[PDB]
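What follows is one chain in structure tokens, specifically the form deposited in one PDB entry.
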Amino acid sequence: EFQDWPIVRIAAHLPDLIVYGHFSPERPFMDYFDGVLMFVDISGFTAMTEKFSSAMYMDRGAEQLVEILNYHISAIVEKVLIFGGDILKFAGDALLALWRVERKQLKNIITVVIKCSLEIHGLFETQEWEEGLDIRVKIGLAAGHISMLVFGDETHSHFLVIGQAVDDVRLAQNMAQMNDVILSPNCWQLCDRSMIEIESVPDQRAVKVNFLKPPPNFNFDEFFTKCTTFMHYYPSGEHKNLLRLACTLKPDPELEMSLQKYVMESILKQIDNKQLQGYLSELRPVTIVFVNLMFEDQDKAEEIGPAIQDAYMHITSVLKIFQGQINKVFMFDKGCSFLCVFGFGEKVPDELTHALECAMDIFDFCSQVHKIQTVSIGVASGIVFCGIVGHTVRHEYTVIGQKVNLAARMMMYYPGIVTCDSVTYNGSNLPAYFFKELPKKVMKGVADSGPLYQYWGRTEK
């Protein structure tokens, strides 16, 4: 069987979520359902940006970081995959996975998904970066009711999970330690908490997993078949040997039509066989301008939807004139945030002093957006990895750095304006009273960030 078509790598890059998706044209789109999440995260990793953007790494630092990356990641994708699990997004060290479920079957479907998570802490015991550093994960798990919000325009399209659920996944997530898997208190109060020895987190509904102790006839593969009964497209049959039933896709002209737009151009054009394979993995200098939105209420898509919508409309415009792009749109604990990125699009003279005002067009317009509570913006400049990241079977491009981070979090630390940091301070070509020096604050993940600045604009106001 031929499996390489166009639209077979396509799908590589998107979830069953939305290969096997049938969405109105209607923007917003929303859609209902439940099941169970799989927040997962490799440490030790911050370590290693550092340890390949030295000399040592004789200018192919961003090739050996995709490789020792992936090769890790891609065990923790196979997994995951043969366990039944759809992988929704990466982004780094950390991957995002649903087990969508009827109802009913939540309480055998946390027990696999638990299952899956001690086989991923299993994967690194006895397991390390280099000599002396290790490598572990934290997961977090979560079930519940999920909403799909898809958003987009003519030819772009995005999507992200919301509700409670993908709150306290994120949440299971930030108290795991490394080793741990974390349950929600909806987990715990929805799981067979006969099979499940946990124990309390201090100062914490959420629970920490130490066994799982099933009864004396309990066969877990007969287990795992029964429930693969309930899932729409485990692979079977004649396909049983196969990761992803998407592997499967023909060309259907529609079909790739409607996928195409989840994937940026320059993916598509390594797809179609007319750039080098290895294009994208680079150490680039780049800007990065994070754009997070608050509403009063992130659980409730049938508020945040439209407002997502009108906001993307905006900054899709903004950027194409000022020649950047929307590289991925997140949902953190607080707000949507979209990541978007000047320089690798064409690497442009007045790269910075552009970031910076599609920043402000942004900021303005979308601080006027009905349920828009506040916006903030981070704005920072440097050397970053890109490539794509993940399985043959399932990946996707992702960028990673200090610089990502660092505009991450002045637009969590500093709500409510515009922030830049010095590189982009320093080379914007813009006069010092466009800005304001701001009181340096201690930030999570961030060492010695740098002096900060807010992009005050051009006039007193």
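Between two forms, the rigid core is the largest collection of C-alphas that superpose within 1.5 Å. Positions refer to the first chain, counted from 1. Compared with the form deposited in another entry:
The comparison between these two forms, aligned on the rigid core, picks out a single residue among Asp297, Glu125, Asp203, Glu199 whose CA moves by 2 Å or more, and that residue is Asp297. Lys334 shows a C-alpha shift of 2 Å or greater between these two forms [criterion: core-superposed Cα displacement of 2 Å].
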Second form
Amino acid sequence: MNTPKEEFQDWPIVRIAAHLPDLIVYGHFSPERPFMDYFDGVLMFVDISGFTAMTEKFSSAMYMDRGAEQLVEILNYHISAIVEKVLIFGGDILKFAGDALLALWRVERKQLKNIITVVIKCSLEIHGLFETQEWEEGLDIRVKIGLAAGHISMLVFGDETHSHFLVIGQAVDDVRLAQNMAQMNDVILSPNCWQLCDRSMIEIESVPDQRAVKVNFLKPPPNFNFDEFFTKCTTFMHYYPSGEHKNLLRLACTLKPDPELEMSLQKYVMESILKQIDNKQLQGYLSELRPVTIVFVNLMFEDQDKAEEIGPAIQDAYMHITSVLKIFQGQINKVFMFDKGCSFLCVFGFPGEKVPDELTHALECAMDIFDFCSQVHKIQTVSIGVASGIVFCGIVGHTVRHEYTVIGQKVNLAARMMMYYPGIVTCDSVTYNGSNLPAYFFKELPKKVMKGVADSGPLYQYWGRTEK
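Form deposited in one PDB entry done; form deposited in another entry now:
The following holds one chain only.
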């Protein structure tokens, strides 16, 4: 008999799994929300610095109304190469957000030393992709990489139809602090990463007024062979594609239909993405430069390094946030947590073809969230930034590992407003002026220099309907 070969791999469950890390796809966990798990690993935070400041360039008339299409194409061309490097080096891409991605190598404590060496090699090869690269003339296509290592907690929260996850703890905070110290072309190790690494492998230098270090070179011993070393490291990589599947970037490409697994995984993915996955919407429909209102919510914690306290508090806040968003068709696009602050990137006005009073409603939703979350046990401070304008929306990353993302100066502005103006609901000039709400509903604020923002315009606190 004939033997026609090659397994069919294009099932809905496989398409859904592209939107998720192995941490979730192969997770198998409890029905309870919140769910918490604890492990050790190495984290890599890759920032494509300056990229957002080039989303605004693609709004110009020169792109002839194909700005969003050209933006997603060039971003994915470069980000796909970074993703492929991470995946071939055995990493799990956790999330894409803003200009960045975060990857994880989960391993037992005893293997952390050797895995750091793998992750440094990976980081150097990523830099290597961009060594002789630009577009017009002064294009700064270079990345900044922070690495951290140590204890990691995962939190999964949500309701009967939606799930979200976050990674938490000192290694998570450290990786963002490390990437923030990086200049273009740097690999920065967190203090704990430098403490746990194989110091015979690397030459470092001190970072002024910091315990983190910069990697100058990976200079391995005379008898060292990276390929044979990496092979030894794969013993500890549960899902590294191997044997008959050694030609694949992810084991998740091999997932077979399983309705119970698909029910769990689809909860993490927006309904408009599922519509595209199901071939009920055109594959290009979600790449757009679209006017939206960003409502960026930050929850700061009492018992701040305490994962077992923060989990219930985030779940309780989430249950309220999702009810408020439902009424006015808002969406949670991203959640992430650093420096004991859990942030929700909420968006009013993307795939859906309508919403009339987007601004008064966005402000009222922000105040509702603010009032409720302020009364949640263990939540110390709630801060909300509200900004409105044109943002890029689209699926970013590699065919095998990508996520819907929102990118733009107004997203960065709302993020910076919630950090620089803590404990209040703030809005930009577009939102203030457009709402047509009486001026006494607001307080005009002092202008702050915000790292990353070049002229915010006037900013306002949304004071609310009453003096009290």
